[PDB]
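Next up: just one chain, as C-alpha cells, the form deposited in one PDB entry.
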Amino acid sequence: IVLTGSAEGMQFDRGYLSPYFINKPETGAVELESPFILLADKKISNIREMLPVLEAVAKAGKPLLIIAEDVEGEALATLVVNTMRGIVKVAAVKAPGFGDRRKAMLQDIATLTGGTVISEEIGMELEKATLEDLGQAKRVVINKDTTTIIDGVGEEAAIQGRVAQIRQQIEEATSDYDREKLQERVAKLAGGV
C-alpha cells in the first residue's frame, strides 16, 4: 500500500538525555532550527574534548544536536548550563540501536546529513573535529522517546549510494529478520530526504 509523508523525517527511538534540553514546554519537546549534528561512536566523558567544535557552533549561531554513545553526568551538566544560559543551544541523545547495527545507522545519519562520524578507530579525534565534520538538517525534533531529523542536507547521490548498499545487503540477507531491519533503515533514510 502507498504512503503519504513528504516531511515525516528520519526518526529513531532515542530521546533527550536531559529534560533541560526541552524548549517546547507545552509539548515537552526539543525543536532545533537549522541545527548542526555531531556524530561520535563513543561516550563523551569531558566537555573539554568537544570545546573546539562547541565554540565553533556557538560563533556560527546555530543549534547543535549531539548523537553519541552516551554523555557522562559531568559533561551533560556542562551542556545543560551552557544551553540554559543561551551560550550555545544544544541537545544530546544516544545513538540508535546497538552493536554493529548502531554503527551502520550512525553512518546512515551521517550520510543523510552530510556529516562525518567522529571515530577514533579511523584516526579521528573529537578535539580535532571541525564544522565540516558536522551534519546539518532543516530541523530536529526530540521528545522523551524519539529523535526526528528533518530534511538532511546530504548529497543526493551519496544518500542514493547508501540506500543502494542496503538494497544489496537485503538481497544477500539470509533471514527475514535481517531483511526487515535493513528495510527499516531504507525507510528511515527515505523519510529524511
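Residue numbers count along the first chain shown, from 1. Think of the rigid core as the biggest set of C-alphas that the two forms share within 1.5 Å after superposition. First, how it differs from the form deposited in another entry.
Once the rigid core is used as the reference frame, the Cα position of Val88 differs between the two forms by 2 Å or more.
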Second form
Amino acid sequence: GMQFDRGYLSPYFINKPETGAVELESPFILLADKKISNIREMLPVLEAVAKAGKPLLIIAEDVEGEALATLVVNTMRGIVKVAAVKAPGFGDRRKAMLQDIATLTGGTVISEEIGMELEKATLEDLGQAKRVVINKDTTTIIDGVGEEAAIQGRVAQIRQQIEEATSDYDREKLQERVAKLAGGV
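Would you mind giving the form deposited in another entry, to go alongside the form deposited in one PDB entry above?
One chain, no partners, no other molecules: that is all that follows.
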C-alpha cells in the first residue's frame, strides 16, 4: 500500500516482536498536523475509537510529553489500543502528505486552524485501513478505505503541480508523493 519513512515513536507500542513491529487490524487513523502533548485533547477520539471497537494509529507532527507517556503506559497495560508515529516531512510538505494519507484513508486532517480542532474530531474525521504495520523506520498503510475517485483525483492534483514545477527538487518530491498514493490505492 502506502509506506512512509517514519517509524514508531516508542518501541513499547510494538505488538509483533518477532518482526519488531506494530500490527493493527482495521484501525482508525488520526491525521493531525499539530503536536499532541496532553492526553486530554485526545479523549474524544480515544472514546470514539474504543466505542467502535478498533485500534488507533496516530500520525501527527509529533506526540510527546504526557500524551506519549500516557499512551505508552496504557498500551503496555492493555487499557488502550494505539500506536503513534511522526507525520512524514516538514512544514507545508508535511501538511500536503498528511492530506495525501487523509485522501487515501477517507479521513480529514486535524490542525487546529479553525474548524479542524482535535478535541472536536469525530470518527468520521479519522481515516481507516484494513491494516497498518509499523516498525522502527517505517509505517505502511494497507488498503485504505478512501474512494478510488478521491485518490485518483488527488493524484491528478499532484500531477498538475509537477507540470508547474520549476525545479528538479520539487518535481522530485511531488513525483514521490504520486508513487506512494497511486501505489497505495
